[PDB]
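With one protein chain withheld, the remaining protein chains of the complex are depicted in position.
So that you can tell them apart, the chains are marked A, B, C and D in the order they are listed, and the count of residues begins at 1 in each.
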Amino acid sequence: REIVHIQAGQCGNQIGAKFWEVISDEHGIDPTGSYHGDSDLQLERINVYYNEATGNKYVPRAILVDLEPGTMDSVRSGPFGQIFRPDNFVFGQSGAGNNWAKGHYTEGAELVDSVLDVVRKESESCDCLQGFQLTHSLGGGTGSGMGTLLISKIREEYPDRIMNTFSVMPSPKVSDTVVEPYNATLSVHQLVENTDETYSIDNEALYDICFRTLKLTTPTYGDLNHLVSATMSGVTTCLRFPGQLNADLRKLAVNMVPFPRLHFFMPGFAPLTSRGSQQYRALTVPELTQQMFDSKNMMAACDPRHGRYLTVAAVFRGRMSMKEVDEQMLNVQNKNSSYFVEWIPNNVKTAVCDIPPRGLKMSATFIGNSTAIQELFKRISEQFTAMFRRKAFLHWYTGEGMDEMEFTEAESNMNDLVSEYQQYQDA
Amino acid sequence: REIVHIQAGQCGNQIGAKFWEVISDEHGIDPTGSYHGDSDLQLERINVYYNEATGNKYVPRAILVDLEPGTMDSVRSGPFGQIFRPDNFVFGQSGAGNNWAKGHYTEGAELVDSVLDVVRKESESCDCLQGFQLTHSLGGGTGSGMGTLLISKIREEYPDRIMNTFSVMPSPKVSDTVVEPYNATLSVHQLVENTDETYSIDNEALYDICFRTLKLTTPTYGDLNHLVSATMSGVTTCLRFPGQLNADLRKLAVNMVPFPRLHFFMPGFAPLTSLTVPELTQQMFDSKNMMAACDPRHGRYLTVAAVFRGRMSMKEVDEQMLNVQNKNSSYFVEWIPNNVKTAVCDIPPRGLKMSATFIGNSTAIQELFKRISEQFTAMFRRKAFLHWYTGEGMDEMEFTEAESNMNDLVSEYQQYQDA
Amino acid sequence: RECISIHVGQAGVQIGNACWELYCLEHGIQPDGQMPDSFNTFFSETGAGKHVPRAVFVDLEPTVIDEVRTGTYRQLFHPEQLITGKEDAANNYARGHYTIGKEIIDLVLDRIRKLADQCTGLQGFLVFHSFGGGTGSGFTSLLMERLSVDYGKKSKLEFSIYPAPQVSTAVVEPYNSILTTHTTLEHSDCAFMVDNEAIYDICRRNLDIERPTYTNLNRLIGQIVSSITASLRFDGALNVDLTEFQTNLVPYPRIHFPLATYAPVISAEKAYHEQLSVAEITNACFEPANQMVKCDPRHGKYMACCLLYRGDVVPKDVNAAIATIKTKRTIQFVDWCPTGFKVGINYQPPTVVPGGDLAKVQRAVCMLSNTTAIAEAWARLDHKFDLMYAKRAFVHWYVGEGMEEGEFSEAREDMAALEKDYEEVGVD
Amino acid sequence: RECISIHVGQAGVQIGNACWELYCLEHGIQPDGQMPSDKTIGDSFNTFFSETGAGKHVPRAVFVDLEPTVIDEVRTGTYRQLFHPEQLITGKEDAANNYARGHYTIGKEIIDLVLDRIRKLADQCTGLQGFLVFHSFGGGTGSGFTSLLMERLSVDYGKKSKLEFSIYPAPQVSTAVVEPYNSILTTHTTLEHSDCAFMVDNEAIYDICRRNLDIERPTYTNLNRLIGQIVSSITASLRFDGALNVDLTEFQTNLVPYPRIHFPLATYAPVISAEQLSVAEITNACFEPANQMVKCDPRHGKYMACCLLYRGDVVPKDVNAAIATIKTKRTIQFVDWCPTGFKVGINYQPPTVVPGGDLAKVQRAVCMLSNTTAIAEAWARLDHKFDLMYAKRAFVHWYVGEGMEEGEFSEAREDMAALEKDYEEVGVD
Partner (left out) sequence: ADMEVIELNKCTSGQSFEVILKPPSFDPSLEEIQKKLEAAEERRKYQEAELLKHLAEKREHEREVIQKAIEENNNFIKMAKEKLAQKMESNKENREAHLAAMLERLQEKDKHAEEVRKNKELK
């Protein structure tokens, strides 16, 4: 009916930017003004992601939080720069620390109220606000720590409306901070009790998709954000487009989550690359299906083999016939029949919207409640207590105003969520 | 001396219509006005079925009851339409249900008193009211249920005077409602304690008389009523015509019923649809020409009346009448002596030079009750469709209370195959 | 001296009307009452012009009594002497006696008492009534109970119409006859039964009438009755007065029922054949055909015999005629009573109804026999009654109007005992 | 006499719009409401429409949904002229594929208003009969508001009977996993407040189109045109006035022998695609598992009440001998204790199809309403899903969430178990 967007943190923000400009293309919006495109659909459901202002004009329903100027004047100076309403920017000034506590306790709560003050506007302005979505990193404070706070403060204010995040699970390979595990375990705890769905996105995957599957030597934070940017358009489409679904976001969740914890969709995509590589038209439907169902094409680093799909949505893109779609869809439920749960019956539904993304004639996106997600969590808690040994880096939080048992108190809240998915290798 | 007529229910009414216009022909009455015909008799006994009003005019002594407009504005819009006095129509508005209870308890009694109000003022007007007659269906509520109520409320008000009905016993073949057995069994009970004579008329017969006996493919409710219409004129004639009988209606009953229950005359007719005396006789005593679905073979005649019509030599009549009572001597009881009397009135019917009608008190009628009660218990069995009456405020055992009353009337007719 | 006629019931009434008619012809009274001792035995000389019958006519419907205040004769009675009663007796004794009777009886009984009051020495009553059939059986019975109380010695003669399957309509008939005949018989003095069947029979043989009417049958009964009453209307010795009826006819209180036989029934169309001999007509009286109640007296004993002659006859003839009834036919007399034949000559030639069916005859005979063979029809009845009551047959109509299940038992009982007396008179 | 249509829910609404459409073709009403037939002052088709004002012919209906969206497309495409802006209630926020939401949370708020806006339409009726409630089985507002409606309608309207048309839900064209819960939930609260209820199995309809219409993967508005046709052949009796089936009682006094057992099985006769059949042959189609209306098999369950609703050019002189050789060829299949059925309903009004629709103009069409015990096949084919989920609490927590009771679930499955039992308990002796 209407959705707002909070986009916090260097990683959270640089995703947000690319997201916005990709979806802003699909609807077709000038770096400032209004519509330019021969299509006419676009605007039925532009309502949902764009609160419109005077003149022509369209401006996103966006809030950008950071705990330091630096990365905000990156957006405003970059691609679709001056698109966001000027005082929807919530500046930081202070440190970020790459430290959960600063962002969730001291320097975070210092701001927060000023963020709540923009959201409260846009949402209170919003005629029938359905829910928020948020983007951010999980290893590193301003995103993982502020956001987990935001969300905690977001609920309580809005119990009511449904919550939703693309969070970026950090890897020991391709990262900046020794500490991130500490950071993640602390937010993972936070999320599992305050969000309604949470798209898991490993940088282990994201990077792996580029060197195992692209030949791309020096993978930036650029071409790599590119994937998330795309995958995020994928997921959103049917709240923002056709009218062949109707995608309540709530409905959408109720039909995706069996058990109130465990809302951990690992995503995936159809085609790939950006620079010196193409696709010779050949994205065929079949070769598009056993592709979005290929693990070496997942947005979380698991492997939906060991670990069974609880529920699974897919959504297809392009003027192609779905008279083939259900029939390939069928096939995979027999070609890999074993690894769906039986006890929730018709547990893989799929739908199609037909106005293509940027480039790309035919494309698929896969939403995925796989208990193989256990794979991801159990990987991070594997390097977390390898740190909580004779309590290493911890001393940054020790004094920042945090407790001894509080790490362990979430080391545990995770260690449950681990052995709950293994509990749903059922009968 | 004088008789009024209650005609209630879609089946009861569409019969009543045909009846009235047929007898109204015999006497010769304009769709409104008075007499038009070279005959002169007619009017001696027109007294009996017609209370006459101002101007010229003749108007029947008729009351028409229904629990919904529909079929009343059918009469008023049809044949002899605006012949019945305007406010002798008792309207329904509500449902009928094709359900006995609604018509005998809830939506029925809701009216009733308004009906009683017309009857009370035709009968109280009537200078020497001799009795009423009623026509109606027995499977389906507004007729079988209101009427059985009517007659209960009609006695008590008029103990005194004699009651009388042409009731139409429904068949599993050629019918509308699954439930009719329930409806019938409930009124059969009622009738057997509140009427003095009851002409049984199977639609199983009526229909059969058309397809084995008439080369008529698609039998309406039209050409089928036509028979009852006729058979009803037959029966009535001698209270309404000559003066060779004189037919008190009471006398008529006393001489037709031995035992106070069991007044269940199955009728019959001579010729058929849109004739020599012998070949008229051994046709009115044929089953293939009875009005109930019976076969007056398995079961003997209690008492039997035939009424003959047409200026013919009756010297031939009892000479053929005797003949049936010998070529069929086995099949009348001995223990009532002169128990098959006949009479002859000579003014023929609509067309048709010669004709005869047979009123017959035959224990073979048991064959018709058995047949309903047979598909009744097979239904009250695991207590089937009963729930439509359950919550209508009827009793569980109030059915069994009438189911048994019937099974008696069966094994009484059977108890009169005696010595 | 004087003499009052009561006719109850459709049948009674019409027999009545068709013999008041014939009385009227015989004594020369034009309808209006005026004619231009003796026959004052029946009519009264009321006002100065008219000659009203000493009669009273009662029925429970109007209809039949209504016909009289219609067709000339309308002038003949007094509007008072015809009581009508609104609702019918409906072919049922109970109704007639108890239910519908109660109401009218107090009135009739008193309207009779008007007629007895204009009479210096009244004799008795003649009650005409149908046997089977409603008011005829039921009112009659109640009448007689009461007439028996209101009138001392004053005798009662009844003319019953014993009922017949071919021209009846009613099944319940037998019950009604056996019923009345029980309550009725201790209040009656002498009683002439008339078997419809036998009359229907005479017409079919003797008159050539295909299927005879009621008013066909009545003209015949009219003739017979008027040959019985004859004695007391012209006054000629034998039966001068009702007392004598019994004295000659009934030896035993119960046994009332004499058998009648009328002589020359012959149809105009034959009206000019060389008419019948004093002998031959006598020799007809003794012919089961020409009888008045269907039976056979050639096998039952006779126990009192009358011959009532009418017309041109010298007794010289009568005698030697009778003589060879003895030496030819069946004598047939009882153990203990003379050998009958009290013979009644009346010179008044017999008149017939003008455009009637029978012809003007010179001499006619009338034979009143009290034979024990008239109990044949006492059983031919009974058997019907028996074979019905055995199943309660039509009973419930009666218990209905108010009667007793046991009052039925009790009447059959009487016939049983009567049928016995009648057997008990043969030989010794 | 009179007759009010309620349609709750996305599915209800569109089935509705697609048969008020077909009603309108049948009775000759141009969209704007006016019809140039001499049949208005304010008999015949006044059962359904009301002769409001001096020109128009408004349907006696009320349309409710908990989003706008669907109700919104009515006040959009011509027919926009047809209703009264009053008679379509929309409600801001969605029911979210969840009964608890529909009945307790979001319902509470709108019910008071609807109930009363119905009461407007009942007030312009001298002797109202009953309601027709169109609604989806599975699915949110359809299961949950419907349920609440009926509880309340039951209270505000005495005798006045209620006929429901349920859309029994089908894996292939659904999207909702939680489905089964919703159906077994409503169906329980719903069934003692209902009178007779026509289920319509989406799968069987989807089926008909894929076999009989040559449609590759059939749309919703594909499916609705078909249901539109079926419903209109059911309602047919009370709209033109039929030579049988002429009131709500004796229409159904026919169908339901026992209070619980409502659910008759429907079967539409000649579905054949534009771009003709014998009286005999079409009757001999009604008894074909393919042409059915709920996916099952009645060749093995007993029949206990059978109707035949003919429409078009037919002399009964045909119907009979056609039936005759339905008994000497096929599977008789009757219950221990009720005649051998066949209340036969002739309506001379030839069947009209939607102009550029999928099916063609047919001379004669048949409709067969059978109360067989084999329709309980889909009573379990459902149950089993519900069972195999609740066994793990599967999706429960979304319900306990909106406000419901862990035990109210137990309790509804308890009802189907006992029902599934009654239905088995009607076989033989």
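Convention: a residue touches a chain if its C-beta (ideal position, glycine included) is under 8 Å from a C-beta of that chain, and two chains touch if they have at least 3 such contacts.
Peer 1: Specify the residue from the set C:83, C:345 or C:387 that touches the hidden chain.
Peer 2: C:345
Peer 1: May I ask which residue of B:34, B:152 or B:244 touches the chain that does not appear here?
Peer 2: B:152
Peer 1: Tell me which of D:104, D:220, D:334 or D:390 is the one touching the absent chain.
Peer 2: Missing-chain contact among the listed residues: D:104.
Peer 1: Since one chain isn't shown, list which residues of chain C touch it in the complete complex.
Peer 2: Output for chain C: 94, 97-99, 101-102, 142, 145, 148-149, 186-187, 234-238, 315, 319, 322-323, 326-327, 333, 335-348, 400-403, 428.
Peer 1: In the complete complex, which positions of chain A touch the hidden chain?
Peer 2: 104-106, 109, 152, 155-156, 159, 399-403
Peer 1: Take the complete complex as the reference. Which residues in chain B touch the chain that isn't displayed?
Peer 2: Its contact residues with the unshown chain are 101, 105-106, 109, 152, 155-156, 159, 391-395.
Going forward, only the chains that are shown with their structure count from here on.
Peer 1: Would you kindly tell me how far, in whole Å, the mean C-alpha position of chain D lies from that of chain B?
Peer 2: 43
Peer 1: Could you pull out the residues of chain B that touch at least 2 other chains?
Peer 2: Expected reply: no residues.
Peer 1: Once bound in the complex, which stretches of chain D touch chain A?
Peer 2: Touching chain A from chain D are residues 67, 69, 92-94, 96-98, 140, 171-172, 174-180, 216-217, 385, 388-389, 391-395, 397-398, 401.
Peer 1: Which residues of chain B touch chain C once you look at their complex with the stated criterion?
Peer 2: Chain B reaches chain C through residues 1, 128, 245-246, 248, 250-251, 254-255, 257-260, 303, 314-315, 318, 334-339, 341, 343, 416, 418.
Peer 1: In their shared complex, at which residues does chain B touch chain D?
Peer 2: Interface residues on the chain B side: 93-99, 172, 176-179, 217-218, 375, 378-379, 381-382, 384-385, 387-388.
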